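Trainee: Throw the hints in and build the complete structure from the sequences for me.
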Amino acid sequence: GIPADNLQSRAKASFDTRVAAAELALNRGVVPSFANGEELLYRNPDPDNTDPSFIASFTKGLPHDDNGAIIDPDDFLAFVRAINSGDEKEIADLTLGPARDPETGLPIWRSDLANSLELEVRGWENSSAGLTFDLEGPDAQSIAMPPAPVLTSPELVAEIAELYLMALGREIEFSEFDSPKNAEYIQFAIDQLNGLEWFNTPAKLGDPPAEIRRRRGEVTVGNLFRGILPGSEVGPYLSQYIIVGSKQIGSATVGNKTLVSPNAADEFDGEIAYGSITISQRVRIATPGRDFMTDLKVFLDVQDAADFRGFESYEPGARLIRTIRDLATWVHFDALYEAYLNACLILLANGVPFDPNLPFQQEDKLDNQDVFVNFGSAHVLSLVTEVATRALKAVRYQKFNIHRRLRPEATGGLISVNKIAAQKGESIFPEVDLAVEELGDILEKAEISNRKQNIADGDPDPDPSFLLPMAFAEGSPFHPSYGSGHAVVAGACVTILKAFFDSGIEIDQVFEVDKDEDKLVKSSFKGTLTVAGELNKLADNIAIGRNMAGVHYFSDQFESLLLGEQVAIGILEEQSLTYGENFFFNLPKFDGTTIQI
Amino acid sequence: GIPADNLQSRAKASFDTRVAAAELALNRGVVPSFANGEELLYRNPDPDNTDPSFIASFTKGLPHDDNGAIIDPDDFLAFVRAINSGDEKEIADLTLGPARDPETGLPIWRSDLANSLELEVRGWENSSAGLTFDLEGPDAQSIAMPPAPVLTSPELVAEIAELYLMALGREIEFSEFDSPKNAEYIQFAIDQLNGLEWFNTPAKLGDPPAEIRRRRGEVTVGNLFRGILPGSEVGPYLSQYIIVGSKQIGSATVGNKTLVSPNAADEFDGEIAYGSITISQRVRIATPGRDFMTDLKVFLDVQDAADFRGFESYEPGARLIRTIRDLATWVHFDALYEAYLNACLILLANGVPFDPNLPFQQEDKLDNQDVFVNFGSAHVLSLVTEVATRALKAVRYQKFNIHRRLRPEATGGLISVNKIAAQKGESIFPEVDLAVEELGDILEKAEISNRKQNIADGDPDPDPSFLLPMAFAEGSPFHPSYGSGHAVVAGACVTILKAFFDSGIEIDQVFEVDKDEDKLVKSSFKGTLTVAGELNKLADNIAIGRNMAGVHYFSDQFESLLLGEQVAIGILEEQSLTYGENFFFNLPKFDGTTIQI
Amino acid sequence: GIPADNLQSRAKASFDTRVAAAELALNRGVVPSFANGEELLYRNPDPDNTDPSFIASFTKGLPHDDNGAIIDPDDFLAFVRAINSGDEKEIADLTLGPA
Amino acid sequence: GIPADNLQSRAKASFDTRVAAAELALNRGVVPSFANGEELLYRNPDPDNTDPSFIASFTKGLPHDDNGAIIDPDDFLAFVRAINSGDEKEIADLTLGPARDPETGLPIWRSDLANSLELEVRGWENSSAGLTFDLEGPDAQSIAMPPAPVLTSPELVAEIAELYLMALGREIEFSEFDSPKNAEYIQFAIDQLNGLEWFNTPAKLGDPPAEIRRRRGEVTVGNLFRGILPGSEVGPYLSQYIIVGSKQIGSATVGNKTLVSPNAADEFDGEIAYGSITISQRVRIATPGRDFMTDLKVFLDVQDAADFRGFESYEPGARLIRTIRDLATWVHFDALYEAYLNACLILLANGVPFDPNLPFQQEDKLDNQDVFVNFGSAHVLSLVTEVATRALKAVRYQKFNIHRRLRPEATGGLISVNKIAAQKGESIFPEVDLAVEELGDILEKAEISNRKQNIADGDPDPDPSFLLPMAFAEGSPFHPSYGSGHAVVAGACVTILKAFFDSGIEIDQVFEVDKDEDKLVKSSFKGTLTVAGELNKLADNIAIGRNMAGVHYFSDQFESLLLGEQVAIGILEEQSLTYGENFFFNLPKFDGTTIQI
Amino acid sequence: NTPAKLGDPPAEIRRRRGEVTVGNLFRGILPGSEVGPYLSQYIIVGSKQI
Ligand SMILES: [Ca+2]
Ligand SMILES: [Ca+2]
Ligand SMILES: [Ca+2]
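Chains as they are written, first to last, in the authors' numbering: chain L, 1 to 597; chain E, 1 to 597; chain D, 1 to 99; chain X, 1 to 597; chain Z, 200 to 249.
To be clear, the hints were calculated from the coordinates, so they are not data collected in a lab. Among the hints, erroneous ones may be present.
Below, computed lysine-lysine pairings styled on DSBU-like, alpha-carbon distance capped at 35 Å [to be verified]:
no. : chain 1 : residue 1 : chain 2 : residue 2
1   : D       : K12       : X       : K12
2   : L       : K89       : E       : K257
3   : L       : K365      : X       : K365
4   : X       : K526      : X       : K247
5   : E       : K257      : E       : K526
Mentor: As structure tokens, this is what we get:
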């Protein structure tokens with residue numbers, strides 16, 4: 001007899017398809033995640049005490065002493081138990097914030113400001129989201145981020161140095177990095193970083209492969225404060241997709257006839273056509289020069305959960321992203337996949353072709369088929385948004401269940417406490433001794449900046465402070481530093497867009513923001529940019545934006561980008577079981593190779 | 001020994017969770033889909049001929065004769081085979097468009113206009129997406145829409161009468177429905193519809209339950225051109241969520257202190273806060289009074305695949321939705337889940353509470369937990385968008401594989417050809433004899449209106465034409481009438497939003513578009529509106545927008561909203577297997593009852 | 001009692017040996033294959049054109065212009081589809097050779 | 001819903017394909033093999049003894065007495081146990097060869113020759129290879145060869161008669177069978193065989209179907225010493241594929257142009273093009289007239305395992321196969337599938353088309369596809385060689401585990417001992433009484449031939465000897481007679497080639513070896529030969545070659561050919577599960593019917 | 200004329216060649232290929248005979 005397949009009922013075929021995808025996901029196997037050893041390494045310095053100090057772990061919200069170390073180690077140990085269980089009552093049983101006033105019920109803060117506002121505590125943000133399963137993609141716990149840099153490492157000295165330089169450069173305009181007015185500060189930044197071992201010496205044979213891949217070399221004006229994804233170091237700083245508008249309704253080609261929209265100029269003035277309405281690319285403007293958490297007492301109340309959310313002030317109006325601070329503001333409130341949805345919308349309105357290895361992409365006289373639900377605009381619009389929560393579950397597992405890395409504000413608090421005490425002949429937080437010894441010039445600049453901030457805040461004669469100035473009043477979100485929610489969603493989302501569109505398409509005209517007015521001008525850049533490169537640049541924009549705000553380190557961002565790429569690849573592989581058609585997605589990965597799915 | 005369950009590895013628990021959800025979906029069972037019987041009922045009227053005419057079936061793209069009937073029945077029978085097969089080569093072998101010129105290779109059209117433009121053909125949009133499986137939700141084929149109205153039915157005469165009245169009323173302003181200057185037309189519309197059996201007589205015991213559910217009664221100024229979802233018929237015609245902006249960045253409560261955004265007024269000028277940038281509610285303005293496909297030759301060219309997409313003219317600028325035509329323009333280009341994502345963003349910025357039966361919703365002093373990834377803003381933002389393509393797969397199965405119902409333009413074609421022939425004492429398309437007999441007054445107004453259009457278009461002395469005027473140059477999309485892509489996505493998306501938010505929350509101040517100016521005014525409505533009621537209204541606004549453009553009937557829209565609700569409910573049920581927490585979604589259904597999931 | 005294994009018929013032992021070897025091969029797992037990225041990197045140099053050139057890809061057999069670049073990108077895209085499908089009729093529908 | 005298949009991962013599909021082939025092989029079921037009863041039938045003739053004699057079983061290597069019967073029956077019974085177990089130690093524990101000298105450790109032989117050479121013992125050659133499984137094809141034990149002829153049967157009298165006639169005809173030239181010089185011997189052979197019941201009387205109703213199929217009728221010059229596969233009895237004795245060379249490099253057709261190789265004449269001088277080098281068809285030349293094991297003492301040392309391998313002498317040079325002895329030499333050293341690989345190579349070089357029911361066999365302008373890996377030269381070259389070890393495992397099971405039939409040399413030893421003793425008024429080996437009684441004329445010829453051989457060997461006055469003269473010094477290989485390794489590989493290999501090529505192609509020019517020179521001449525044969533017939537002839541050449549050497553009987557060969565055919569058919573059926581293409585192999589079987597696989 | 204750099208793909212490091220000489224000109228890198236004569240004994244010698 002002649003060998004055959006057999007049919008079954010549609011219901012059974014749907015069931016078997018879903019089981020086959022689960023089985024594909026299972027057969028990938030799993031890998032363990034490894035932490036850096038700090039959690040139990042560092043100890044309480046008190047004689048007659050057998051406790052870890054937990055100073056290099058995320059403890060925001062747990063009650064801290066006057067130096068920013070936690071008071072009761074059981075408070076952190078209980079927090080870890082609650083993270084791994086997820087039980088609601090166990091979370092409600094934890095200790096949050098400082099001691100309370102018997103009569104009002106209010107938390108007693110250290111600062112005059114927090115007390116005058118009568119601030120309450122804010123809580124941890126999905127501390128057990130790493131336990132949730134999902135109907136599609138790699139399980140949250142099946143994949144890994146490598147060990148975070150340690151406080152004593154050359155890597156961390158370079159990372160925190162970079163963040164202080166960003167904080168002090170917040171009022172610099174992107175289009176003015178090369179201007180004589182900025183020459184003194186910019187060159188100080190470049191010289192300071194090139195003075196650090198991480199940047200001035202290469203990796204050694206036998207170093208961890210992950211460290212080798214993320215290590216950076218010579219700092220230039222062309223790479224200052226940039227990422228390392230391919231495309232990011234080429235051309236102007238900001239991706240086209242965060243400043244330009246799009247083609248508008250009424251511009252169209254109908255047979256041999258060209259129609260021009262009456263609103264065509266909106267394209268070059270920051271308006272994305274959004275169906276039949278618009279999106280404006282102009283960001284709200286945070287008070288220039290105003291930074292937060294530069295006073296130790298305010299800083300400590302924040303570390304004890306004082307809810308400063310919403311305390312910022314703003315100038316009237318809006319403007320295309322202009323300064324380093326404006327990018328921090330952009331990533332303060334963005335709605336999840338916002339940046340990538342907006343890039344997707346620009347790409348559709350401008351008629352950039354989809355990946356040519358999908359079906360039905362030919363002229364319709366040839367294939368008799370147009371695209372929408374599958375292989376078209378609706379398909380890409382669902383996929384770019386859907387991968388986001390899957391990427392987030394994975395990064396929550398790393399954040400809370402594995403690494404619990406302290407945010408940069410807390411590293412600056414150790415540095416400041418360490419430096420102040422050393423000046424009076426004492427040692428506190430010897431773990432950051434290298435940073436204090438090496439970053440002398442930068443910290444003196446921070447000290448001067450912070451004195452000015454504390455005076456404007458109402459303190460005529462402030463204690464010296466070497467704290468890292470924050471763009472936001474509340475500083476970091478209420479969850480650990482490693483990895484990043486913003487950068488994981490960025491990795492996932494741009495992976496989808498590179499794969500779905502013909503990502504090799506070249507950009508025709510390159511723009512940047514004008515030096516003198518709030519408008520777009522033609523860039524003088526002479527090379528060629530591609531859609532894929534500008535998508536990568538966009539991912540690196542949103543991710544470094546968090547760093548410029550003072551809430552992530554370089555390593556958090558890069559390693560999260562790679563994690564999100566893995567989640568998105570996995571979802572595409574599982575979904576491929578559901579189509580009858582003959583096709584694949586061509587994906588140029590962050591490492592410069594291509595996978596066909 | 002004491003009864004127990006046991007642990008297994010994380011990877012196996014994930015696999016088992018996915019199979020369990022596939023099993024829950026399989027255990028729902030499946031139901032068949034029944035068509036109305038027209039496809040093989042209507043016959044070619046020539047004697048010595050043995051073919052179905054297919055005149056009540058979607059045939060856009062197949063070659064038509066001078067009356068709008070397909071020339072070769074095998075062209076349709078082959079289209080049906082390719083739909084059920086999905087094979088790309090079988091699709092490319094279909095006949096699309098008219099005869100081509102041997103030397104240029106271009107289609108030869110009937111109209112001077114299509115030939116001067118040298119138009120090519122456009123093709124069917126995912127004619128086999130109904131075969132596609134999905135990793136979550138009900139399979140596309142497991143659910144059904146009921147049989148569509150037939151051409152000889154009171155329901156159909158009512159439906160097509162309404163669409164003409166919408167087309168002739170496209171320049172009527174919403175804020176002026178009840179106003180003296182529109183009294184004559186508005187009362188003509190109301191009297192005409194109340195003169196039809198479907199509206200002036202109730203259903204009879206023994207009629208299909210789906211007919212009883214969707215039949216409408218007495219037409220009034222308060223229900224004219226509205227939907228029937230609970231909430232749609234109270235208060236102003238347009239949902240608050242398609243005309244109002246939102247609270248802006250800088251308005252906040254920080255402890256005992258209230259801060260005010262410098263841009264607070266943007267809320268009442270239709271700017272939605274979109275992260276740190278904005279969306280504007282102002283729509284593009286299509287040239288008032290210009291309709292399309294009012295000439296028989298141009299109409300036939302469109303039925304033969306002539307690609308007129310992009311041919312509309314616009315005025316400068318943008319305005320809040322003012323006329324019926326403006327709603328048509330809104331739904332011509334909207335990106336998928338656009339209306340519902342924008343409502344979601346307004347609800348988030350204004351701080352409307354999440355469903356209180358979710359976890360972690362209490363003040364953090366009580367529960368020690370805030371929300372984002374699960375049960376917060378990122379969760380709802382991903383959920384509202386991801387349901388869209390699963391709903392689109394199900395409606396594609398109903399569109400192409402089951403019902404293949406002709407679009408309203410094609411019904412209009414049959415009415416026009418029948419009336420013109422009857423004046424010469426000839427009978428063509430007797431199937432629409434009843435609409436032709438009962439809609440005399442409406443059809444005389446259409447003929448005058450069509451003459452004025454054909455004169456504008458450059459015809460010095462137009463033949464008489466009773467065609468349904470189209471808001472769009474290309475008419476309907478390239479896929480069947482029943483059901484609707486817009487309405488199915490609306491049903492699914494508003495289902496997610498009502499379940500995730502505390503949808504019982506009452507709206508504070510109710511707005512409307514001003515009679516004199518491009519701005520909002522406070523409405524005189526006294527009564528209370530709820531979030532759930534305004535979300536339903538929003539779904540009805542987008543769905544009836546399609547009707548006002550001339551591209552769907554009433555029954556397409558209502559039956560599609562029911563189907564999209566089913567899809568969203570199923571996705572929520574299967575996903576509930578993925579969480580450790582104790583919680584549910586409370587969802588007020590379209591039928592007035594509540595399911596807890 | 002003393003632990004033991006047991007005999008079965010020769011035919012079943014042969015069947016089981018073959019499945020066991022299939023299982024050993026399945027339990028090795030699989031790895032993906034990564035290409036160098038050229039195929040969609042290099043573009044047609046004409047302005048107002050939106051195609052990959054495919055110049056670094058094997059195109060022997062598809063029609064070439066006077067410089068050795070393929071004339072019609074759809075000829076290559078169809079070749080790639082037929083490769084992944086294997087269907088004999090799809091292969092016979094490709095364009096092979098000049099006019 | 002519409003009935004469907006579903007996809008799974010490539011890995012699972014490969015696994016399921018391999019399991020499905022195993023299941024196909026299992027569902028064939030199995031059959032038992034039946035032996036002829038001799039093993040326990042014949043008894044020791046000693047009074048006061050209850051032992052089988054095992055005289056009709058293979059016992060080569062076990063110590064024999066002066067009449068060639070085994071000394072200790074436990075030695076054979078242990079050998080049988082070792083065969084069915086395969087355990088290495090159990091095999092090492094067996095008794096091999098005669099008694100040994102306490103000082104040197106050397107075996108003490110009967111003959112002066114074996115002692116002067118200091119010969120050691122040789123061992124059994126894979127006595128348990130019938131226990132090994134395989135990843136593809138029918139299991140070794142699932143199939144059967146029927147009972148071997150018994151010593152008392154008319155069949156065996158005819159078989160051993162034939163072998164003595166071959167041995168005495170070793171210096172006859174194939175091209176001279178019909179010559180007056182050879183008339184006396186050739187006619188003696190034909191008359192002697194036609195005098196035997198097997199050949200002169202047909203089978204009877206009720207005889208075993210296997211016997212009916214292999215029974216031979218009237219002996220003629222045209223069928224003398226030939227096989228019975230279809231094609232073998234037509235045209236010259238030797239297959240074209242064992243004498244002709246092939247088309248050579250540089251002979252080619254390029255469009256409308258014919259190129260001629262400078263080496264074109266090599267074709268007709270026995271050179272097969274072997275890639276870019278050559279194979280010569282000229283065989284080494286064994287000393288004409290020199291035969292072995294014609295002295296009882298030498299014969300007995302061989303039966304006791306005396307390793308005479310490599311003792312032959314040769315004339316210098318090489319020549320196309322010329323005499324019956326040259327064919328014996330050919331099959332003394334051939335490398336497994338050698339003959340069939342060489343035929344395959346001739347067929348490829350000469351451009352014989354593949355089976356037209358495979359894919360892609362049309363002109364490339366029609367199918368856009370050439371062949372190599374699948375359905376081409378590489379495919380056939382792997383398949384023709386791969387089936388050989390699978391065929392061998394099956395024949396080892398029959399040889400060792402089932403039948404243990406004695407080789408022809410041992411039958412001649414019984415005949416000689418029987419005849420010598422009868423002349424002195426005694427009875428030994430009454431089992432061969434019929435052979436001795438009937439073969440009088442042939443044995444007297446053997447006696448004269450053997451006297452001459454023993455004189456040339458250095459014995460001036462030799463004892464009379466009626467032994468069967470051997471072509472090889474060692475006689476048979478160290479494994480039983482039924483079936484044959486050579487003939488099973490032949491059956492398997494030519495089955496592959498008939499199926500893979502268009503086996504109905506007719507041969508254009510027929511050649512044979514020249515009567516007077518070492519060269520090829522055109523045959524005067526007037527009919528038509530096909531590729532399939534000449535492939536069958538080749539199988540029968542190699543198989544009868546073993547008989548001409550003195551090491552197999554007719555029945556061994558034919559029944560092994562049928563066994564190999566079954567193994568090759570089974571492998572093709574299991575492999576057919578692995579292809580996506582639509583095709584089959586057309587196979588003309590040995591029985592004259594065709595199977596499509 | 201230059202070695203691989205730390206961080207290059209491992210497959211590149213494995214296959215990169217160094218200084219070209221008369222002894223390695225046009226040869227492979229499998230162990231054994233770069234010692235003795237260019238052609239393998241097995242493509243030029245015959246064998247022991249019958
Ligand atoms: Ca197309
Ligand atoms: Ca809470
Ligand atoms: Ca071919």
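Trainee: Taking each numbered hint in turn, which are not upheld by the structure, reported in ascending numerical order?
Mentor: Hint check: nothing fails, all pass.
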